[PDB]
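Here is the structure we will look at.
Partial complex: the chains shown occupy the same locations as in the complete assembly.
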Amino acid sequence: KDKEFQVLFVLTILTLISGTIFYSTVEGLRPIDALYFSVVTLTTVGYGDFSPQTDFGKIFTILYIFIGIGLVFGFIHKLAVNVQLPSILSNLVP
Amino acid sequence: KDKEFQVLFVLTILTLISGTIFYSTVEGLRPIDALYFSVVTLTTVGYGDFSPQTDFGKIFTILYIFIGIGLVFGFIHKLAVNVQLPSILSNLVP
Amino acid sequence: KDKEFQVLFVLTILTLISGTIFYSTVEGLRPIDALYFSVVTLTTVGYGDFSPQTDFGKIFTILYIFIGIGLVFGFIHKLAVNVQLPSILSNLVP
């Protein structure tokens, strides 16, 4: 379960890096904005302060969402249970 | 489980096609924009760069969301477990 | 399980009616817009074409979200499994 969290962590970083490069290049976003936008998209927050304006970007975003949402939320879940859960019990133990 | 993924795949395409035709026609979106908007709606990202402006479109969107979200996320889940999960183990096997 | 879907259905309608009255009155939205906005909020789509502008509306929305999201998605889930799932098998049976 310690290995679980480490595999999900790597795959999320790779997914986020892919988005940062694509949106920086094709949509012209500053890299920090491209990373921020990729995160806001794949967690489904979707503020819309940034959104793709090219047809290439729209098509990429469709696939990016379908491929990436399941991995990011897996990671959030494992981060929730296998890392954030115990530490709270640890601060409780009398 | 191989058949699971294929049924969910077909139903998602049909749902997305329905949205593309409706929003292209009633809301006047280019078909690519209508497909992109349908995806962004049913994954709950909801950037809001497009949104329905007619009352017909608003009513359709209410039903579209309730009917379609469960199918799309089912598919994302099965895509997550029955397709994207193994391949990662497959790249790990020593 | 037939009764499950009927209880969730009633509670969702009541939740949506509550939102429609509140946002129509305090935020001044047309009733159709208030219902549409309530749905878009509680499914977490959140286009932002409408959003609360008064402090009362912002506070109500915080509570509305926390109280209402769990019920709406329960209903979507049961609609997914106890109504939309079988009919697809029913169209498949050879």
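A few remarks follow.
In order of appearance the chains are A, B and C, and numbering begins at 1 in each one.
Keep this in mind: a contact is a pair of C-beta atoms (placed from the backbone, for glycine too) under 8 Å apart; a residue touches a chain by one contact, two chains touch by 3 or more.
Whole-complex tally (this structure file, single sequence, 3 chains shown): 4 copies.
To be clear about the criterion, only the chains that are shown with their structure count from here on.
Matching A-B against the pairs in A-C or B-C identifies B-C as its interface repeat (over half of contact pairs the same by residue number). Mean C-alpha positions place chain A and chain C at a centre distance of 26 Å. Chain B and chain C, compared by their mean Cα positions, are separated by 19 Å.
Annotation for chain A: residues 44, 46-48 touch two or more other chains. Every residue of chain B that touches chain A in the complex is listed here, in rising order: 32-33, 35-36, 39-40, 43-49, 76-77, 79-80, 84, 88, 92. Looking at the complex, you find that chain C touches chain A at residues 44, 46-48. On the chain A side of its complex with chain B, the touching residues are 7, 11, 41, 44-48, 51, 55, 58-59, 61-62, 65-67, 69-71, 74.
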